[PDB]
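K.L.:
Here is what each chain is made of, one letter per residue.
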Amino acid sequence: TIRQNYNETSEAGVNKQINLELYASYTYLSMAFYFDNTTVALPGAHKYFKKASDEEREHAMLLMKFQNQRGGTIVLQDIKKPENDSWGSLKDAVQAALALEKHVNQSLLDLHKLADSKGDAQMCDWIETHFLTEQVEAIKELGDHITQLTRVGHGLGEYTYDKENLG
Amino acid sequence: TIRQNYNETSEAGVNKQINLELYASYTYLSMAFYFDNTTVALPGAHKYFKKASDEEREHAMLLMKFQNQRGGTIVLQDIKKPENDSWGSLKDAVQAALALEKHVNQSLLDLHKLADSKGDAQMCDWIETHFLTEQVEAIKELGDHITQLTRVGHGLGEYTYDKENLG
Amino acid sequence: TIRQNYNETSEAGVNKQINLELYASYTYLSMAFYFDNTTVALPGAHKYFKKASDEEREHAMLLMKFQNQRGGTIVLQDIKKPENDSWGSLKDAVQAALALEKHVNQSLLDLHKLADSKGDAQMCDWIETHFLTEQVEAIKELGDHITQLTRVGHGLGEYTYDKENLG
Amino acid sequence: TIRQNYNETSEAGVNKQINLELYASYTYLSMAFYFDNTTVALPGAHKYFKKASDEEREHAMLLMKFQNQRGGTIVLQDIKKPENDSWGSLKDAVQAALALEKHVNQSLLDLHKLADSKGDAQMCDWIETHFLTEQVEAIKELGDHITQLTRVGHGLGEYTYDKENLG
Amino acid sequence: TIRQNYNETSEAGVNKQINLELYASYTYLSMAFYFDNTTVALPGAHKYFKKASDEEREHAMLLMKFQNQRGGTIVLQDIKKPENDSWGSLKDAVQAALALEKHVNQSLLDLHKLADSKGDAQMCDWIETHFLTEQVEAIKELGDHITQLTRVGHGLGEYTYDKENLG
Amino acid sequence: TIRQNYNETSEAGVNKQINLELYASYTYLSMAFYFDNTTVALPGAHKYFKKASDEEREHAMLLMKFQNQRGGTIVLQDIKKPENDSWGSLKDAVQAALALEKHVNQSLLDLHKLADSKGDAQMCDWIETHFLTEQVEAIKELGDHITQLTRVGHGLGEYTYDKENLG
Amino acid sequence: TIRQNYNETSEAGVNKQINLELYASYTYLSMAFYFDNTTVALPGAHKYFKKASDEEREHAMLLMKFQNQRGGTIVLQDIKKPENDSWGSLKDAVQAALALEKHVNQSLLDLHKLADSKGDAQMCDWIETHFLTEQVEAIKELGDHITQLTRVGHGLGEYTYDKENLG
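Protein sequence lines, in the order shown, are assigned to chains A, B, C, D, E, F and G. Everything in the first sequence is counted per our numbering, starting at 155 for the first residue and increasing by one. Everything in the second sequence is counted per our numbering, starting at 155 for the first residue and increasing by one. Everything in the third sequence is counted per our numbering, starting at 155 for the first residue and increasing by one. Everything in the fourth sequence is counted per our numbering, starting at 155 for the first residue and increasing by one. Everything in the fifth sequence is counted per our numbering, starting at 155 for the first residue and increasing by one. Everything in the sixth sequence is counted per our numbering, starting at 155 for the first residue and increasing by one. Everything in the seventh sequence is counted per our numbering, starting at 155 for the first residue and increasing by one.
One or more hints might be untrue.
As the list claims (entries may be wrong) - Okay, derived cross-link-like pairs now, DSS-like style, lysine-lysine, Cα gap no bigger than 30 Å in a straight line:
#, chain 1, residue 1, chain 2, residue 2
1, B, 235, B, 256
2, F, 256, G, 234
3, E, 267, C, 267
4, G, 204, A, 245
5, B, 256, A, 272
6, E, 317, E, 245
7, A, 256, A, 272
8, D, 294, B, 205
9, B, 201, D, 201
10, C, 317, B, 219
11, G, 170, F, 205
12, B, 235, C, 205
Quick caveat, the hints were computed from the structure, so don't treat them as lab data.
Excised from the complex, chain A in its bound form:
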């Protein structure tokens, strides 16, 4: 009875993005503690990625809160385990994160393009306010990270950028 201008296809897209943000959260947590293994031992990457895990779990909860505000119903799925068990050099993990965030961006845009076709002006603006520029700034951050990490090279530079920059 609060539901208004809230399409069922939009409702299911919210449900798939919820799962999607949880999966991003689970993947970053895996990166965080891959950097906590003694054989890797990059503490700033671990701090940085652990908070990336917290933020994406906050994205999933925004989507959940929004599903309820609009009169939708929350339907949770399995959160697939991450696609790798270890994540390589630092630059490899950051490159993995960029690819993850671009796929997350693309789904948000698909979700956006979808509420638009259902005439859902509020849902469109809600997604712009909370996700579309944040995703854009997140992807620029990572692009910068990858360029700098190429600059300072393997070895002493990877340590330096992990300490003086990530966290």
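Given chain A, put chains B, C, D, E, F and G in place with the hints provided.
P.N.:
For chains B, C, D, E, F and G alone, kept in the frame of chain A given last:
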């Protein structure tokens, strides 16, 4: 000479939104002082609804300011007296407020699709920023109030929800 | 059961002073946003008349609270739109205001004359305490405002009084 | 040689009201301690009525002070013991106080109407300033209380209103 | 243009009350500096009566401010010289001020009766608010002083009551 | 490798908008120091336009930061010198600025239209969030200034508005 | 009638320098945002050159202020777009700024030598006070930077100097 991309039909629609926001305001004032009558005596509801009345008046001034900013012209109408002189129990009045808020939301969504068809980016963003999400938030709040007022039940519970939740 | 020494003619009297007060709130809010128009651009009168709109809206609620205190029943009517869509010069606006407040004042005294003619000591003293002198002091204020606005003249003077004295 | 415009009849009516304000005081102190009885044990009503009894003693001292200000002589009578020795439910006692304060308001308006017929402008205003509006608000407060006492009902609702609202 | 419900006779009354208030002021100033004289030399009464002069001139200015407010025209007259050049003992001086406030009080009550007959309810409340109760309190204070000046008697007692009570 | 859903015409439009806010920033610099001339010497207009010149500079910079954030390339052109070398009366300059801002507002709305047509949801919300409402507020502000500057006229009115309002 | 000892030729040379200080400003702002590009991502150089560009804009405003102080008229020219659209390595951009500031120092000494030949003692001193020593220190700072950029080398040394020393 300050008018720029402001359609004659968009302006007329702001003028009717001004009236509707003033109608909401006057209805909530009726609700506020109904709950201050000795045969009802619910000080939470009165506080709560007096605030609501104040806010619907602020929305009406926003729109007037918005008309003036975009080069339009405020044209005022009578403010129709509210559909009821008394509003029953606490839950009933809450339900009337949900009914009115959904009606105000549909007028806003209509006004949004209108400016969109005249291709008025600034106006659609304006409605989104100041209104469309506040309507969703308020419609969710009213939904929760009707649900809890059902859980608390008549008698002691109506008083408790009124005292400890509303104002 | 709380009603005592409260004639049904007076209960009707308060109800219609309520409407009259709300009408003045709306007249003034029209004035305040007429002065917000680019073609007019008098920020001081905008502030001043906006304030005056809230103060008569508070007047209306005193009466509503009173009606309730004595054991009456509020019955709201429509709030008729203002006499005028636009308000001329600043002096023109202030002079219509003085007219409004003398009409209002007159009906307060016709409402007083009749709580008196029914032996309602407390109504008369409540009207005196909250209304008769506040009206007097306002009408004097507005008369001073008309005399000064004549004094400083159109154009630069109108500006200066608006800026330096109204808000 | 301080007496001026002070009717002999107004003076005796002040003396009877003095007795009536004390009568109220003693009735309230019998309520306040009935609710301190273990068979009743409502500490919130006890607090509440004890205060009321101080209030009504204070009123009595206002009238005595006034009789001295206007050149009259205070003549004291027995303070009749209250009408009951126990006062039933909390709602029973509140309705009973509404009746007392109803009688007192009638006695005060009749006093007002007496001094008005004797041309005593200062007396009329004094009664208006110290008593008549605060009797109206007292009757408003007690009516409201009764309505909320009927709403919360007997048992858990009586306890709650005792503890939360009275005292 | 501001004048409303303000009779020509009352306006003449406000003018005579103004002259009386100024006359009052000028008699207390005389008393004040009579006590400043070496042959009298009562400094507490000099302080006291000087404040009574300052306060009676404030009364004169309120009435003028009331005249301007109601749309009257202030018409001023000679301020007659007080009735005595010297005022005997401290008790005599108070007895003359008791005589003087009672004349003022009678004139204030004549003034009330007379706006009342013209149905000027604001003017009746105004005289009640600012003057009527104040006259009563001052006559009681003056009578109180007079009884005490009898009790302390002549000599050392007049000295003591001047220093320790007046100022 | 960060570029995503960013069209290549949009990227061109961001560069020409960059050139357009620098052209404005430079026009406002010209105006600011024209009023600093002894033959003109309006210090308030100096401050005011100097600050507008900084704000349009920052507009240019936000647009370059967005080009970078979105994965495009900044290409700059000559900053065309302002269209006049002197700016007439104060009211003339504020008219030139309204023209200038309405032209900016047109290209921003052409850039919004244009990204919309490519489906660039984030760019649209970016222009609404930083530019479209800011434009509308500046235009209203400017039109009010012209209306007031008209009212106060030339001579003392121009000096006064310069000093008390602009800067 | 303020102009004194101010040669026509000195005046035009001030105007050309104004253009040259702005030219520097726009060249630096193109550096500052090239280093904000993801392919470069040197936030320390971005901070650094953005500041330099504000500095050089400020210089421009000094010259405009001076041309007004000495009775001349400011004549604005196009601001030519910088020489490159991207600026290579961090050391490449610093050497390039050293060359710019070298040209500017030459243009400023030639301006100095011009006013000296025209007997303009105040102008010579002004250029000495606001520009010539702070060009020398600017050339000193940039030389030092280049030497430390050649010392830390490309890769890890570039990152470090960016982060630690510039910004």
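K.L.:
Would you list, in rising numerical order, the hints stated earlier that this structure does not obey?
P.N.:
none
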